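> Single-letter residue listing:
Protein chains: 2
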Amino acid sequence: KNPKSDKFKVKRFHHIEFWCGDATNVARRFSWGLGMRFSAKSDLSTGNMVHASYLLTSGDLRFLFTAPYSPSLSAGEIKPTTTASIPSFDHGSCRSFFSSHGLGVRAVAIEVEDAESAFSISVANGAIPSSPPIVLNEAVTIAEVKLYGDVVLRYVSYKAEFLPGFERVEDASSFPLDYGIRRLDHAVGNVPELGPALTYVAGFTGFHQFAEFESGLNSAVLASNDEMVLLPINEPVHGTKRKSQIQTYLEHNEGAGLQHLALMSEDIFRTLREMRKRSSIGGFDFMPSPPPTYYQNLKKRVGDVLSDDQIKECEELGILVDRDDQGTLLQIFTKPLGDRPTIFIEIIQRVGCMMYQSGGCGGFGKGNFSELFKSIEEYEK
Amino acid sequence: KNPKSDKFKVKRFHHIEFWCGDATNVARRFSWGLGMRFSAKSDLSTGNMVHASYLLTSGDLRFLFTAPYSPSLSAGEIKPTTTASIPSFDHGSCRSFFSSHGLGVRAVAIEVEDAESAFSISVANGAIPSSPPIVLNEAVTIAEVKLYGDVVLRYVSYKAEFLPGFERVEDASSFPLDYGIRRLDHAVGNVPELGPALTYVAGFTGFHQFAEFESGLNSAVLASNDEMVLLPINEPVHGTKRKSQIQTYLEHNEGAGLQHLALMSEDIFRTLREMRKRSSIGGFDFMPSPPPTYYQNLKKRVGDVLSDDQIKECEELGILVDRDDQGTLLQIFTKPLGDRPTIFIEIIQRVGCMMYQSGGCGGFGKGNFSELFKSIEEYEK
Ligand SMILES: CCCSc1nnc2c(C(=O)Nc3nnnn3C)ccc(C(F)(F)F)n12
Ligand SMILES: CCCSc1nnc2c(C(=O)Nc3nnnn3C)ccc(C(F)(F)F)n12
Ligand SMILES: [Co+2]
Ligand SMILES: [Co+2]
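Respectively, the protein sequence lines represent chains A and A'. A prime marks a further copy of an entry chain.
Going letter by letter, the first sequence gives residues 35 to 194, 201 to 253, 262 to 403, 411 to 436 in the deposited numbering.
Going letter by letter, the second sequence gives residues 35 to 194, 201 to 253, 262 to 403, 411 to 436 in the deposited numbering.
In short, the hints are calculated from the structure, not lab data.
Watch out, some of these pointers could steer you wrong.
Keeping only pairs whose Cα atoms sit at most 30 Å apart, straight-line, the calculated DSS-like set for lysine-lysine is [claimed, not checked]:
(1) A:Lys289 / A:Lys421
(2) A':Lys325 / A:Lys325
(3) A':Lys383 / A:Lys325
(4) A:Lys360 / A:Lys325
(5) A:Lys113 / A':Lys291
(6) A:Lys421 / A:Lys325
(7) A:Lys436 / A:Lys383
(8) A:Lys429 / A:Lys291
(9) A':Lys41 / A':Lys193
(10) A':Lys383 / A':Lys289
(11) A:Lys291 / A:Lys421
(12) A':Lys45 / A':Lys193
(13) A':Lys289 / A':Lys421
(14) A:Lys291 / A':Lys325
(15) A':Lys325 / A:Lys383
With these hints in hand, go ahead and build the complete structure from the sequences.
Right, here's the structure in full:
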């Protein structure tokens, strides 16, 4: 069921912006850990006296890392005379965000046909405005509305190099890392109450519910017309034996926010080999692998899609596998990206649904919860 | 001239503590960039509900990275019932420090015979108290006094594993990196006025002035009895043609603070090869190399100490060389460690003065300022 009810034309995920206290160290760590190239900058060396922003790219994936300078550097400016390249930036908002939440995503940015129209229609349909539409160098238009917590949905549209005022970084510093990651597949929020969050976001976007197929989790996925923009949201289920990890998130994050980013790889094996080689030398750690029972139970479930060698290759890398009625999903989860048990990354590869590949092919791994319970108890034997 | 006037017994530099917004990403970046092993932790997994602290070690060098959790996690605690492993930590102080200064050094920590005595004698001699002496698990005593800006001099003494409450990190995560760095040689402050800063610090420590031999810099070095604890301080010289980099520091740092950390390497060539290999893949960048004239002028100055091959090896790595009347100094400087043009690192190796090697052998490279001016103009030809 796809009513295709988008209230304005949405294209693809454009970028994800992290608000940091020091953009340099987070960007360099992520670049090495994920194999993403330094591709653009806006900072003191480009005349930005307001914020330091560094863009990493891998395929179509764009990660932006931004931190405030001392307000004193820009004390003489006013909004008409700002040197910030992202006009929505606010020193106080940024410092308040990072002291409240620590390292996390401030903006989920989607590209649209007309950012001013998208903002207007959104606000007309219940969206809480965050930053009004602003036209940068007559070329790009940016506007922001509240999504959940202190996370914003950022609309970007081009009349026709990331943003104006960003410079291409010198080749020297730019080193061509690549572990196979290619695009953002979905971005997931954690909220206290799923109902009101869904009503709000579906209300101002027109995104529809993506149909799916005791873990402390209720969730639903909002999707654009071609289901390439996927925004799942989770709520906790209280009273369970093991404490809901959504509830732990809300407590350590000081409320709602972005929980995980799913990054599509063109070869999840190459990606997981390359990231795991770097786990203990500055990269990212992965959640503990499932017990070998899990992989001894995979033949009965996906033996038609993956060979005995590829299923073996799953076991060494700790990859999980799930399956829709339309496709198959390979997935694995990092440990939290920073100090707090809040944001983490998911690496995924989807197989099936070739018409190009349709969005959400194979689902989001909801069955891997139940299979992860049956794994453990069956192994305990 | 060494009066040996220490007002209490000082041993060696013990550790340097960075105050961060996310300790994880800074620690992982530094570990890869400098070849330092993850060696101890105090965080949620060890019962610390207050701050996340991660210790990197290379030889005797200890770098500690600390960031606050949400105050909500520890809202029920009081100082007698704290789960912080560093009792001086304060959420508000830490957030205020990082929003004011960005990433930087909060504590220069020296080991002493008796931290309570050192604190008492210091305060009796004009030191501004920061955190009174506290005995941790009847084993270690920590106390802090103001050094300059928001940097503290931290006294640590042991009756007899970093600090109580810190756990040894699992071997898995611990990967034995090592690029040859071995100990902290000196830690340098930038202040608006050198005179009052020196009078203050020499006043409460008894440290003496270490004798030395148009760059916008006046400086002096305070030293302990055996001159193994070296604390240089700089002030700007205004009115010069090129703006004093000390003044730029003060402006971007919002006042006085730690400018650079000099790390002694047992083989500066191995270190600089290994760090430079990683500059564009998550490590540290170095200041631009001097022009080849500089190395064409080295034979006439240090040809008695370094071979033609080692002087050639200087040129490829960009190493600078200076010389006292007692020894020779090899040195090089990183670009700033984070977003702001504030803190950076110096890598050094000293040759000469073997009695063990006496402190400050070869000086601090003050002549490399003048030789760096003569380099450029002579090259311009
Ligand atoms: C970090 C350890 C917690 S385990 C975890 N956390 N998330 C997930 C997802 C997921 O991606 N769900 C999802 N994506 N978009 N919408 N929704 C609901 C699938 C499977 C698992 C599994 F199998 F590991 F339990 N997850
Ligand atoms: C980052 C680029 C600025 S150039 C710079 N910045 N610092 C230094 C030092 C130093 O270490 N001085 C020092 N150490 N302890 N006390 N003092 C005074 C020596 C030589 C140079 C040189 F040659 F590059 F100009 N430096
Ligand atoms: Co997911
Ligand atoms: Co120095």
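> Take a quick look at whether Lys41 of chain A' and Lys193 of chain A' sit within 30 Å of each other, Cα to Cα.
Given that 30 Å is the threshold and the Cα spacing comes to 20 Å, the pair holds.
> Between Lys360 of chain A and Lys325 of chain A, is the straight-line Cα distance small enough, at 30 Å or below?
holds, 18 Å
> Is the straight-line distance between the alpha-carbon of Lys383 of chain A' and that of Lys325 of chain A 30 Å or less?
Measuring from Cα to Cα gives roughly 28 Å; hence the hint holds.
> Are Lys325 of chain A' and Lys325 of chain A close enough, with their CA atoms no more than 30 Å apart?
Distance ~17 Å between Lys325 of chain A' and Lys325 of chain A Cα, so the pair holds.
> For a C-alpha distance cap of 30 Å, please report whether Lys291 of chain A and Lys421 of chain A respect it.
holds, 18 Å
> Is the Cα-Cα distance between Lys113 of chain A and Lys291 of chain A' 30 Å or less?
Judged against 30 Å, a Cα distance of about 28 Å means the pair holds.
> Under the criterion that the straight-line Cα-Cα distance not exceed 30 Å, is the pair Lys289 of chain A', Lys421 of chain A' satisfied?
At roughly 19 Å apart (the allowed maximum being 30 Å), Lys421 of chain A' and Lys289 of chain A' satisfy the hint.
> Would you mind confirming whether the straight-line C-alpha gap from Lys325 of chain A' to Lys383 of chain A stays at or under 30 Å?
holds, 28 Å
> Are the Cα atoms of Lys45 of chain A' and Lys193 of chain A' separated by 30 Å or less?
holds, 14 Å
> Is the Cα-Cα distance between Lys436 of chain A and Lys383 of chain A 30 Å or less?
holds, 28 Å
> Checking one constraint from the list: CA of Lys289 of chain A to CA of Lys421 of chain A, max 30 Å. Satisfied?
Satisfied, since the Cα-Cα distance of roughly 19 Å is no more than 30 Å.
> Straight-line Cα separation of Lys383 of chain A' and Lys289 of chain A' no greater than 30 Å?
holds, 22 Å
Hint compliance for this structure: hint 14 is the single one not met.
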